[PDB]
Structure formats: structure tokens, C-alpha cells
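For chain A, the structure is supplied; the task is to place chain B with the ligands on it using the hints.
Below, each chain spelled out in residue letters.
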Amino acid sequence: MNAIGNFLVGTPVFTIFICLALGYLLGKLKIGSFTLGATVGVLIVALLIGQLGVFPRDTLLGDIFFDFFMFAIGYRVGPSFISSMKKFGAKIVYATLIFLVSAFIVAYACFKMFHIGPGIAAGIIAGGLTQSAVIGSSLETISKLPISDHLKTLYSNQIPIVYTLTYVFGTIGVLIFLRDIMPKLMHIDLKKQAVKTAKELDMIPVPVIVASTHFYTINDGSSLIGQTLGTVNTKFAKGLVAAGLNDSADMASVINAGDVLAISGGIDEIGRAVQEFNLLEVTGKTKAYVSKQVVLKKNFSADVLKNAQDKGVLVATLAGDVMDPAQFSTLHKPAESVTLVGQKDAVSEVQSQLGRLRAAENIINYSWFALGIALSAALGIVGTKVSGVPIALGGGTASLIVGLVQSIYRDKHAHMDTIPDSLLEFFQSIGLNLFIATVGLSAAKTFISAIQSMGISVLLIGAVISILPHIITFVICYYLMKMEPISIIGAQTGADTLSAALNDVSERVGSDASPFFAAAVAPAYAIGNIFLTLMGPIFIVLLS
Amino acid sequence: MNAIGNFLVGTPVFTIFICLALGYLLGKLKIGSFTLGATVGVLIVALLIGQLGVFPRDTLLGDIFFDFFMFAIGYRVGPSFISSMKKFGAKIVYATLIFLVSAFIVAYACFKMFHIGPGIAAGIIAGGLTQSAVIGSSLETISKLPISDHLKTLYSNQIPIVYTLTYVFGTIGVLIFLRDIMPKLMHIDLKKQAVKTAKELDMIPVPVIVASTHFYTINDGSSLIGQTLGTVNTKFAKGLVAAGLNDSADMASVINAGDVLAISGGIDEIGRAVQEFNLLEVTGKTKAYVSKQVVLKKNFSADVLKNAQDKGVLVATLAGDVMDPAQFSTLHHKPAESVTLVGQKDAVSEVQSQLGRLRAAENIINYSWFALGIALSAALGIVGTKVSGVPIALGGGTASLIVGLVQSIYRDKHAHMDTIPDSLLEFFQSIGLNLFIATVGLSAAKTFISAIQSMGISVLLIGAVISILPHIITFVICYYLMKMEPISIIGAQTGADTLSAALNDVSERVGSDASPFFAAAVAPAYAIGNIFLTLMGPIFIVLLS
Ligand SMILES: N[C@@H](CC(=O)O)C(=O)O
Ligand SMILES: N[C@@H](CC(=O)O)C(=O)O
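Chains as they are written, first to last, in the authors' numbering: chain A, 1 to 331, 331A, 332 to 543; chain B, 1 to 331, 331A, 331F, 332 to 543.
Isolated chain A (complex conformation):
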């Protein structure tokens, strides 16, 4: 009855990580309410369970996990940002700026009209524009600005409760407004329109064949038996290479009654080469003929690539596609990693002539990741004072920038790693929920009193500030400027900085147009994050 409170206060790990299971269950619960969402479910469960005791909030854990989340988001968005900036015009930047200006004006007007205190204003902003990074900067600015200590403590205490109150709407709505209402008003279907636009533009992924080795076995009949590999290779068209007899790299050899040929190349070419000059196919069993990806070191050597086919090694791109002869004339001063296949040690000989091996594709140099996080934390402290306002970049924004720059600084020097794609997902699906659960648990004891005292006056203001700017930008961009349909959704979801909408829309659209949607949304994210984070302290200073 009452000892449960003591137990919960005494086992913080149990409390936090039981706030994370029921939350996900509730979020996945579907009762015709268009689901709820994992974050909202976690918040609700944390609020409900916080009533059984008093749990203080730990800053370091939340900061670390939020930093992980921001870094993962930045790394995921990195590669598409450059492509979108290259192809898409400045329309995305224009839409983001329009949205931010509209939100600023609307928030200022509403707060001035309703005579809202600076703390309530900051909380409503952070909980309506769904930007959790505000809280830290707002608290720092409150501490810095000179006012009475009672006011300082009151403002510091009043933020999280209104933040929690407004977040529920800021996430449950807006998502529906720009996922169903906007398509209904625009009389288009997400799938069809996105596919059409992607086909019109050059963004649809192009599947590529992967060249490999097939261990054929020679027939026991009579067809060019007892012959060297060099003449056979010369007879073969381009894109086919022999790989010895059993495991040997000797180029003279002697074909006997029974032995594998171990052809290498594409698929259609080997199909033709087996239809003509018939040969049997077998699974084969040998550890040789391993493939590798190797960077170059000898200043785009030409003759080595020219004679690799004679040597018995096939050269292909990183994706594993037979390269064109012209590619051998020049690559890209120095060159990049290429894929070699044939033989066991001949491939290594060609590699030694060329540069060293490439990233294993599944090993992560933890030094790089840890240094990135630490450098982001350090960069956060950098800041400047404008009109007595100590504005700083913050932590989450710095981590996002570091992720973007680090991702862009890859595949140009493919010598570090390829972080697994099954880790960023966990990071960006766990860190934010953990931070939200911590905040909700902390700001739960006084939630009922806060809602009783400050009631309807707050929720409606939060809803209007969350919704109206989206409608304004939608009308201005659709009826006046008349941009393409899907790009409107692509923006207004990065400027608003909400990831649930991003994930849901990507899943609905599908793989075909998923890269296109990612490109349409990437450029807005960084600008929105920076400006929306800076918009908190400015409001505090103005309304103080």
C-alpha cells in the first residue's frame, strides 16, 4: 500500500525501466484512437506512476541519452542533406524561414494578448513546438538573468509541468493534421504522388547486380579439354574471368577430366557462357576465392588495373559491379576503394600492389564515437551574449551538427568504419523516451495542483501555437507560391522538428520514395533545431 512508494524511491532503475515497457505497450495499443505513440504513452505512464512518491530527476543521465539520440538523428540525416541541397532548390529554406517567422509572430502576439509569464511562455513553446532541447537553455538563461531569487526558483519549477501538459497535444495533433488532413485537403494520395515525383526526379534507387564466383565443374565429354587458362580467358568476352582449377593461380595449368572452373563475373554473362560451351554446375566447397574491398595507395595505377584481368582478378566498384574499361584509364589525385574477387592470394598480391584494405563494414572504432560525443559536449558551451542575453548553442544542437559533419566526412575518406544501421535506430528510439520518462516522473507530484491552478488558459494557447503556424505556411505555400504537393509535407516536419511524423510518413510512402522524402526533410531539420532552440531564451528575455 505505502511501502510501494519506498520501494520505488529505493529502486530508480526499476522505476525508470518499468516506465518504459508499459509506455510502449500503450503506444502500440490500438482502439480506434489512431494509436497514441510510444513517447505519449511513456509520458502518460510516468505521470500516473509519479503520484505514488517523490522522485528527484538526474540531469546527467538524461543529458547523455538525449545526446545519443541527437547524434543518431544527425548521422542518419547526414548523407541525404548534401544530396537534397545539391538537387532541391532553396524552396525548402524559404519554407522553413516562413514557418519560423510565422511561429515567432503568432507566439509573441498570443503571449502579449493573454499576459503570460516568461516561465509559462518558455514551457508552452517547448511543449507545443515539440523541442525538448529548450529546457536546458531556458534554465541556464533564467539563472544568468538578474532577478529576484524567488522568481528564479518559481520560473525554474514551473517549466516541466506545462511542458508535459503541452507535449501530449503537440505530438498527437500536428501528426494527424499533416498526415491525413493535409492530404485530404490537397486531394492527393501519398503513395501515388510521392512515386510520381520521385520518378520525375532522379532519386529512385537503382538496383545493381553483384558480381561473384560460381564453382562450375567441367563436363566429362569432349570440349576444349587440356587447355591453358589464358587462351580461354582471351576467348571469353569482357566481364568473365577464370579463377584457376581448384585453388591454384597458375596461368598455364592443364584441364583434366574432373575439376572445377570457378568462373567469376556477373550473372547474365555466365549464363551465356554456360549455354555456350556447356559445363556442369555444383555447389563447390573451398575457402579460397574470397572477395575484398581495398583502398588504393599507388596514385591511381593504370597498368595494374589493365593487367588484373590477365592476372585472374576482377575489379569492380564498391557495390560490386564490373567496372567499365574506361574506368581503368582514370579513377576519380589518389583513388578510392574497389572490390577484388578472384583467387585467394592473387587478390592479396593485387592489393599489395594497390593500397590497403577497407573498413570491415561491421566494426566500429569506439574511439571515434566517444570523441564525437565529447567534442559535441564541449562545443555546446560556446556561446555569446546579445543585448544581455547569453545565448549558447546548447548540447543537442551541437550533437546534431557533429553528427551531420561526421557523416558528410565519410565515403570521401572511406578509411574509418560503417556504423551498423541496427544501432542508430535503438539509440533514437530509446534515448528520447528515457529522457521523457525521467522528466515526467520528476514533474508529477505537483501536476494535479498545477492543472487546478493554471488550467484551460494554458492548453488552448499551446494548441493554437502548435497548429496555426502550420496552417499559415500551408496556405502561403500551396495557394500563393504553389509548390509541389509532397515538398510541403517534407517541410513543416523538419522545421517543426517532430520525428514521429517523419517515421510514419516514411513507412507509409515506402522504400521507393523514402530517400526522396528524407531528402525533402533533411535540410529543414538543422535550421529548425538551431532557431527553435534560440527562440526560448529570447522569449524569456522579452517577456521577463
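In short, the hints are calculated from the structure, not lab data.
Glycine included, every Cβ here is placed at the ideal spot set by N, Cα and C.
Watch out, some of these pointers could steer you wrong.
[Unchecked claim] Simulated restraints on C-beta separations:
1. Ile181(A) - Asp220(B): 38 to 44 Å
2. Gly221(B) - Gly509(A): 38 to 44 Å
3. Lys411(A) - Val381(B): 26 to 32 Å
4. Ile31(B) - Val210(A): 38 to 44 Å
5. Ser386(A) - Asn6(B): 22 to 28 Å
6. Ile31(B) - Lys86(A): 43 to 49 Å
[Stated by the list, open to error] Here are some of the chain A residues that sit facing chain B, going by a computed Cβ distance under 8 Å:
7. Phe17
8. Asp180
9. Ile209
10. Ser222
11. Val254
12. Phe277
13. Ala373
14. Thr417
15. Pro419
16. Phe425
17. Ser428
18. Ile429
Showing chain B with the ligands alone in chain A's frame:
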């Protein structure tokens, strides 16, 4: 100069995560010193950087990350534990018990002889026998036991420093002793001996072909043109199934001049089927013919599996191997087990609907399960009992390891939850322990120089002897008297001692072929060692108090 201290104190994230990069760099550094190790490098860098200020230690972060590490280790070791218990005899348990008894006796004798205080004893145990979950239980027992408050605080303060002092040896040595010295003394080569033993036993992995679909194209000549698929399939031997013409499941059809056949099955069978009745090969381009893995729901239906081949869908195991006809008779009696279906786009779904629903996506993790596991482990930790006035509790890390083991074992028998990625446990168990160690080293750095000046050589040598001698004793007793197999000696004494760095290094050296065998040889000892070595701290505190 001095503002750096203020900056470091004011940016804990920067401090901790700069203690994690230079540490890994140092660990990878090789100057002929047999490397150093990531954990030791992190500890050294943390000790060096802690001198510039005063940083208190946060318990919750360390507890969470250590729990993640323990859970990952348990999940990784789960599947092999049952297999080793099934095949390997109780020799592993006997060796672990011998090691634990020897370590207990040696530690007790040394401490009694040298008149060492309970706090120093607990710290030396923890920094020797490398179990790091001791500290929490030891602190809890110190708080519980009734003594003067000054003694309580002194004992609480004195643990981490000696722990850090002894951990360096406990990790750098022992590893070398049982990775190079023991093979040299036993006159065997790790690779050759492990391969020989694995070949003798039934543990070497067996590669399995993966059946799939090939989109052949019919020749424009004259060979059985204009024929139905049913007669073609009946003519074809077992293991080959047609998949329509372009995307259709109609079984009457009409073969025209140009259209793909879309055969499905193994590789050798299709090779034979293309040498006889020659057909061209093309890459093809279609989204149909997708493969799926589906659990069963209709109580091991027989006729459906019998007629699936006629329907045009090939049934295979989870690994993707054509099943034997006899397998269709019984299967496995309850409605369970998932099988792989390949042919066609919607016919596969029809067969699935006749059978049970789909299986785990193999790349999506129900975070609810993981979070509930962690929370349940934390709760289970609190459970404990008092023996002779000693409140012994299972602790947190041990509970997490047990939960990981049980959860892993409770999978593939009900393959309806997930298959956690294998690129996440590695990160967990390579980051959590190092983060915890960095935090502890940063906290216990200000007074390290004074502690070494006051309590000096008397501690390091005792730690080294307690870390080394039990291994030698068990080695001799098991090799010269009992005469067990060579590699199993290394397999034990590294789980009872709980030395994950040695585990990983030996696995890498041995290679993939005998890696499962080594994992089996080491798994059963880990749990017993963890539990008993964790309980051995409070007992020592009570005895020597
Ligand atoms: N930046 C966060 C916003 C928040 O969680 O407050 C997001 O994208 O979801
Ligand atoms: N159980 C841990 C002990 C430690 O190193 O802290 C291990 O095997 O590594």
C-alpha cells in the same frame, strides 16, 4: 592552467567521454608490451585526468550501464550454455568448484597471515578476482553491519582505490598466464588442439545450402514448348518447383516463345535441370516470388504440406533447406515451429493463411521486452536473505546475467518475439564496463597518491598472489592428477575467474571453426563463478570484521 579544473568539473559528459577515447587509443597501442587492453587504458587515463580536480561519482549511470553489460553477456552466452550442459559432462562444474574453493582458502590464509583489514580485503578481492559487481554488495553489507560510523566511512572510502590498484594486474596478468604460459607449458598449439577436439566432438558448424528462386528464360528453339506446369513439375525430380510464367499462379498456363520459368529449389538440382533440357539464364526483374518464414497454427497439418509442391510453393527449414518428405509427415505434438515458403507472390500467402502467421522480422526488436527484462532484473536483485547476521543479496549484475540467460533460453522454442541484432550486444558489452570503470577511476583519483604512499607494497603483492596462485593450483590438479583434455582447462578458469577479455582474445585466436566449442566450454562456469564470487565479498567482510 587552473580554469581547466573548473571546466572539467562543469562538463561531466566531456570529462567522461574524453576518458573513453584516449583509453581505447592506449589500449590499441602496441609497443612490444603485448598491448595493454581497453579497460586498463581507460582506467589509467581516468586516474591521470582525475588529478586536475574533484569529481564525485554518480551511482545510477554506472548501475544502468553495468546492467546493460551483464544482460548482453548473458544473452550472448545463453544458447551455448544448454548445449554444453547437454554434451559436456560435469567436469566443468568440478573445475569451477575446485577453483573457487582454492581461491577462498588462499585468500583467507593470506589475509589472516598478513592481518589485513576488512575493507582492504574486500577491495583486494574485487581488484584481484576481477568480479566488479562486488563493490555494491560490499558497501551494502558494510552499511548493514553494526559498527562505529567512523569505521563505516573509512571502509566505504578505502575500497575503490585498492580496487583500481589491483585491477591493473588482475587484467594484464592472468590473461598472459593462461594465453601463452599455459600453452607453452602444455606443449600444444591453440589452433591445432582446438580444431582437433572440435572435429572429434560434434560441435563444428555445418554450412547449409539456401534454396532460392532463379528466373530462367525459355529458349526460342523447340523443346516442350506449349505445355502446362503440372506435367513439368511431375517430370521434375524432388526439390524443384516451378513458379508460374511471369507472375501468375495459374497451373494450366501456356508456354510461349518468350517467358521466364522462375524455377525454385536448391542449386545443384537446378544445375542438373539446366544441363538437361537447356534453358537460358537472366537476371530477371520482379517484386514477386518473395520468401517468408511463417509459424504454424493448424496443429501440424499434413495434407497442406503434402500438396504445397503441387500448389507451387516449396517448404524449407528456417535456415532455408529443402525439407525431406518424411518431415512432412509429423513435423513438431503441438501447433508450433516456423518454416520457410518461397514460391509465388500471393500463393505463398495463401499457404501461410492455411498455416499459422508470420515469424519475427529478424531485425526488429520489441523494446518492451528488453526494458521489462532490465526492470525485472533490477527488482530481482533486491531479493536476499540473512545468514548468520549476514544480509547476502543476489545483487544487480548477477540478476541481470541470470535474466539474460533465461530469456535467451526461452527463444527458438517460441519463435514469436524477435532476434536481437548481433551488432548491439557487442557495443553494449564493450561500452558499459568501460564507462563504469572510467567513472570509478575518476572518483577515486584525488587520494590515490596518498593511498599508495601510505598503503604501498603490502597490497599489490597480495593482490597478485591471490590473482595468480589459484589458477596454478587448479591447473596442476586438473592436468597432472585428473588429466582432463587440454583445451577444457583454458575453457574453465576463464569463466570461473570471469575474464571476458581473455574469453574474447582466445576466441579470436582460435577462430570461427572452434569458437562455438570454446564458447560451450566456457559458458557453464560463468554463472556459477559470478554468483559465488559475488557472495564471497560480504562473507569475507563479516569474517574479518
Ligand atoms: N527533437 C525532438 C523533439 C522532442 O522530442 O522534443 C524530436 O525530433 O522528436
Ligand atoms: N564480469 C566482468 C568483471 C569486470 O571486468 O568488471 C568481466 O568478466 O569482465
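Evaluation of the provided hints:
Separated by about 56 Å at the C-beta atoms, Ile181(A) and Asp220(B) break the suggested range of 38 to 44 Å. Hint check: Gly221(B) to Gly509(A), Cβ distance near 41 Å, so the stated range 38 to 44 Å holds. Between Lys411(A) and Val381(B) the beta carbon distance is about 55 Å. The supplied range of 26 to 32 Å is therefore violated. Taking the beta carbon of each, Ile31(B) and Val210(A) are about 42 Å apart, inside 38 to 44 Å as hinted.
Between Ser386(A) and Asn6(B) the beta carbons are some 27 Å apart, a value that agrees with the proposed interval 22 to 28 Å. The hinted window of 43 to 49 Å between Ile31(B) and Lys86(A) holds, with their beta carbons roughly 46 Å apart. Because the beta carbon of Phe17(A) sits about 4 Å from the nearest beta carbon in chain B, less than 8 Å, this interface hint is met. A distance limit of 8 Å between C-beta atoms decides the matter here; for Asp180(A) the minimum to chain B is near 25 Å, and the interface restraint is violated.
About 6 Å separates the beta-carbon of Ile209(A) from the nearest beta-carbon of chain B, less than 8 Å, and the hint is met. For the restraint placing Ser222(A) at the interface with chain B, the shortest Cβ-Cβ distance is roughly 16 Å, beyond the 8 Å limit, so the hint is violated. Of the supplied interface hints, the one on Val254(A) is violated, with its beta-carbon coming no nearer than about 24 Å to a beta-carbon of chain B, more than 8 Å. With a least beta-carbon distance of about 12 Å to chain B, the hint placing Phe277(A) at the interface is violated under the 8 Å criterion.
Interface restraint check: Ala373(A) against chain B, minimum CB-CB distance 4 Å, threshold 8 Å, status holds. A distance limit of 8 Å between C-beta atoms decides the matter here; for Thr417(A) the minimum to chain B is near 11 Å, and the interface restraint is violated. The criterion of a C-beta within 8 Å of any C-beta in chain B is met by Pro419(A), whose closest approach is roughly 4 Å, and the hint holds. Given hint, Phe425(A) at the interface with chain B, holds; its Cβ is 6 Å from that chain's nearest Cβ, closer than 8 Å.
Proximity of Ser428(A) to chain B holds as hinted, the smallest CB-CB distance being about 7 Å (cut-off 8 Å). For the restraint placing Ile429(A) at the interface with chain B, the shortest Cβ-Cβ distance is roughly 7 Å, inside the 8 Å limit, so the hint holds.
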